[PDB]
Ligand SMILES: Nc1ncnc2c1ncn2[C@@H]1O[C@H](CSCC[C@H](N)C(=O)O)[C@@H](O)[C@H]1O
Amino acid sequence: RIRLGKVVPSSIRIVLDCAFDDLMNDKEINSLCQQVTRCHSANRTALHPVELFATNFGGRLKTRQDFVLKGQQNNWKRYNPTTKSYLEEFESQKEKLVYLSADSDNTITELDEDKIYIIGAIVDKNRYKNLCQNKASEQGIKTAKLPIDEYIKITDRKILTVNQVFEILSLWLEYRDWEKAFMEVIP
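Can you give just this one chain, in the form deposited without the named molecule?
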């Protein structure tokens, strides 16, 4: 791709919620692990890089990572992995958390610089009905989906990966146009 303009970092924080390794087999972990790297690489070159968080980061996911990258991950900026839940890291900013979920009745129309956007670090999330709605709802936090229904077939929407959702958000900061952003990532 070709990026127009000067790189200005963003205040926004984006959290990969990695507490779902109960759910996946090894192959799915291996695949999640690659999508995590991919989020970081798209962040590395964004026009407006965020602070990327990996919460509840551990277990088979951390293992697969160190296995594949052999330590390069520790050199990643602006990248904050932590065993703590996003609920802990952001104890003082709970009302600033937004859990993204295709099942929300809310829709993002813009991202705010003061907010914290969560992506469930889960593969084939389609086997799990309302999985991320249930979780955030139970926590008292707001959920929202991306405003992309006019651009994606409902059966493809459910198939969007963790880096795809990240890339859409990152690319939105650059173009401030949800359709330019979406099209850049999908076709």
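Rigid core: the largest C-alpha set superposing within 1.5 Å between the two forms. Residue numbers count along the first chain shown, from 1. Residues that one form lacks are left out of the comparison. Compared with the form deposited with the named molecule bound:
- Per-residue Cα shift between these two forms after core alignment stays below 2 Å for all of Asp26, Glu138, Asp66, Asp156 except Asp156.
- After superposing on the rigid core, the one stretch of 3 or more consecutive residues whose C-alphas move by 2 Å or more between these two forms is 153-159.
Okay, that was the form deposited without the named molecule. Show me the form deposited with the named molecule bound next.
FYI, this one's just the chain on its own, none of its partners or other molecules.
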């Protein structure tokens, strides 16, 4: 892949909600930890890097990260891990939260520079359907699914990994085209 033109940072914040640590087995934590690393990698070489957050960060995920990266995570730029929930962290900007979920009635068509998009930091193979839709609804924040299913058909394999969703959002900032973004992340 070659990226075209000068890097211009984006104002979009992207949150990896890491509040589902207790729902995962150790292999799922390790898989997720590596998915977190890919998000940063995708962000680091993005044409429009976002401010990346990791909320409710701690527990086994944190331990696994330090064990694999041996401190490297501290040197990461546009990276903000915090023990705070995204609700605490963005108390003032609550109306700007959008929780991405495959279970949403809404569909995301365009990313707004003023908005804060949340990705549920969980590997569950979609075993916990509605987990994220339910959490967000009950908090009173908006949800939206990705406008795939003009792209993927049969059937409910429309549920992507954490880094795939991030990689797709990032490329959308680059290409402003959904299908292209899908084509490079999901070939």
